[PDB]
Amino acid sequence: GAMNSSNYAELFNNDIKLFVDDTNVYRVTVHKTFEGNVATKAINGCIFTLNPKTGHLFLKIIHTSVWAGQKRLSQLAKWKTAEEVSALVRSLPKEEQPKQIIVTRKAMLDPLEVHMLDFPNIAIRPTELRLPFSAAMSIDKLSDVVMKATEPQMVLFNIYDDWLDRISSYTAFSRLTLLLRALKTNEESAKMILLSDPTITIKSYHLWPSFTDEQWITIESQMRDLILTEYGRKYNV
Amino acid sequence: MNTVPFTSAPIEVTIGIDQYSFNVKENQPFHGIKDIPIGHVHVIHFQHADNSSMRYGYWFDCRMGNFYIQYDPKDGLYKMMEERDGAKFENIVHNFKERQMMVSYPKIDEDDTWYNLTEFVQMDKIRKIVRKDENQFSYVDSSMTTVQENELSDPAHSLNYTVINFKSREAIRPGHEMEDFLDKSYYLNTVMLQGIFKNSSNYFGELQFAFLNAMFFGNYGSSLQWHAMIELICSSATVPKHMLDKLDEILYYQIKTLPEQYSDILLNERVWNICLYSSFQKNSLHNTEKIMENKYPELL
Ligand SMILES: OCCNCc1cccc(Br)c1
Ligand SMILES: OCCNCc1cccc(Br)c1
Ligand SMILES: OCCNCc1cccc(Br)c1
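The listed protein sequences derive, respectively, from chains A and B.
Residues in the first sequence are numbered from 1833 upward in steps of one, following the authors' numbering.
If you count by the authors' numbering, then the second sequence holds residues 1 to 152, 170 to 317, one letter each, in order.
Isolated chain A (complex conformation):
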C-alpha cells in the first residue's frame, strides 16, 4: 500500500527498495515564436532512482533526442521512465533487485506496474510523503552531467557521500531531505548556506561539502531556519 509517516522506518530495513522520481524526466523552456505564438524546446532530463538505505543513486540521463517526433510527451515521459526502471532492474543480479519500488507521483503506478509484469514479486507503491526529489537538479554536479550529455547515459552516484561512516541511514536520509527541501524552497539562500565558508570544500568524488559533525549540526539548523523563514515570507507569518 501507500508509504507514509507511520511506516517510515521501513525505508531503512534490510529489504532492498528504490524510490523513483520522474519530475525531471521531461523538461522544457516555453518561448515565443516569430509569429507571436508559443512553443516549447526540450532540454535534457533525468530519472532519479534512489536506494534510501545505501545512498546509491542510479541517475538515468534523458537526452532530448528521445522526444524527437513523439506526441503527448508528458504521458510518454511516464512510460519512458517506467521502461528505464524496468531495464535497470533486469540489469541487476537477482540478489540486488529491489523487493519494492516506491514512486513519488501516483501517475507512475500504472506505467511501472505494466512494465514490471514480469516481476510479480516486486511491490509497486505510492507514497503520502511530499518528498523534495525534484530539487536534485539543484545539486551542481548532477545538473552538470545532465546538461552536458550528448546521448543517453546512466551515471552512478552515492548521494550520501561518506556520511554512512558516521551516521545511520535514517539520519542520512533525514539530512538529504532537509537539504533538498531547502534547495527547493529557496535555492540561492540554500546554496549560500552550503558554501559561505571557503575553507570547507567539496571533494572531487563527493556532491556535498566535507562538513564535520559539529558543522553539519550548524548547517542543518540554518537550513531549518531558511525553510521556516521562507514559510513566513510566503504566508506573511
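Worth flagging that the hints you see were computed from the coordinates, not collected in a lab.
Quick reminder that beta carbons are idealized off the backbone N, C-alpha and C, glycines included.
Check each hint, because a few of them may be wrong.
What the hints assert, rightly or not - Covered stretches of chain A, as calculated for chain B (at least 3 residues, CB under 8 Å):
#, stretch
1, 1911 to 1922
2, 1941 to 1950
Claimed, not checked - In silico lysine-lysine, DSSO-like type, Cα no more than 27 Å apart, as pairs:
#, chain 1, residue 1, chain 2, residue 2
3, A, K2016, A, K1973
4, B, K184, A, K1938
5, B, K184, A, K1926
6, B, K299, A, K1903
7, B, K312, B, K107
8, B, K184, A, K1931
Guided by the hints, dock chain B with the ligands onto chain A, whose structure is given.
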C-alpha cells in the same frame, strides 16, 4: 409454444420467467408456465417470500428436452428436472392445460425485448460457462463466484467467464507496454476475438449472458464481467464497424430493460463515463448514450 409444468407450489415464491414476474401463494394451485416461445433460451428464476436473500434460477432451451419444476423440501428450493418419458410429459401438460392451472408467457406481439437481450446467447455456450454436464439446463444463483473471483472457493459452482485483465501479460505485448495499455485493440482483436472467442458473436453472447445474470440474480461476478467486456471494446481504437453498431444496439436494450431502482448497483459510474465520454468509442454509441442521458443522467 412450449411449457415448463410444476409438480406444485408448496412455498410462497415470486417466480420470474425472462423479464416477467408474478407471485404464487403458499399451497396455491399453480402448475406452471405455458406458451413459452420456441427459438430463444429462457431463464426461470425464484425469490422465496420468506427469505428474499439468494435469488436462484435455471437457463434452458425447450428444444433440448422436456423440463419441469418440483420443489425439494430437503434442499429447500424449486428444482428443474428433465422428464425423458415424452408421452408422459405431454399427457401431464395436457391435464394441467385443461384444468387451466398454468400462467401464460404474456409476450406482446410488437415486443422484441427478449430477442434483443438474448440475440447472441446460446445454450451450448451457457453450459461451458456453467459446468454441470449431466443436465441440459444450467443453475445460477446470487452468490456464485467467477473463476477470476476465485483467483483474487468451490470450482464446481463457479461461473467460468473469460478472464479479462488489462494489466496482465496476456493483455500486454513485451515492448508494446504503453501502446497496448492505452489502446487495447491487440488484446481485443487478436487475443480475445481471434484467439479465444473466435468471432464477435461468441463475445457478444457472453456479454449478454453476464448482464442477464447480474440483473436477474444480483451476481457481483457477472456485473464485473459485463462491464469489463464493454470496457475492452470502448478502450480499443480499432474495432470493426459492425461490432460497434451491434454493441450500441445490445447496450441500448440492456439499459432500457434495467429496473430504474437497481441502476445504482448494476451500473458502474467509472466504466460508463469513461466509455461514453473519454474512450476511443465515445462517439460510436449514439443510441446507448441517448438512453443513458435521458434515463440515468445522475450517473453522469
Ligand atoms: O407422477 C409423475 C411425476 N414425474 C415428474 C414430472 C414429470 C413431468 C411433469 C411434471 Br409437473 C412432473
Ligand atoms: O407483477 C407483474 C405481474 N406480471 C404479470 C404476470 C402474471 C402472471 C404470469 C406472468 Br409470466 C406475468
Ligand atoms: O458494494 C458491492 C456489494 N455487492 C453487490 C453488487 C454490487 C454490484 C453489482 C451487483 Br449485480 C451486485
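Here is what the structure says about each hint:
Restraint check on the stretch 1911 to 1922 of chain A versus chain B: 3 residues with Cβ-Cβ distances below 8 Å, three needed, restraint holds. Coverage of the stretch 1941 to 1950 of chain A by chain B holds. Counting CB-CB distances below 8 Å, 7 residues qualify, and the rule asks for three or more. For the suggested pair A/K2016 and A/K1973, the alpha carbons sit about 16 Å apart, so the restraint of at most 27 Å is met. The hinted pair formed by B/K184 and A/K1938 meets the criterion: a straight-line CA distance of about 16 Å does not exceed 27 Å.
Distance check on the hinted pair: B/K184 and A/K1926 sit about 23 Å apart at the alpha-carbon level, within 27 Å; holds. With a C-alpha separation of about 21 Å, the suggested pair B/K299 and A/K1903 falls inside the 27 Å cut-off, and the hint holds. This hinted pair checks out: B/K312 and B/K107 have alpha carbons roughly 24 Å apart, not beyond 27 Å. The straight-line distance between the Cα atoms of B/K184 and A/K1931 is roughly 19 Å, inside the 27 Å bound, and the hint therefore holds.
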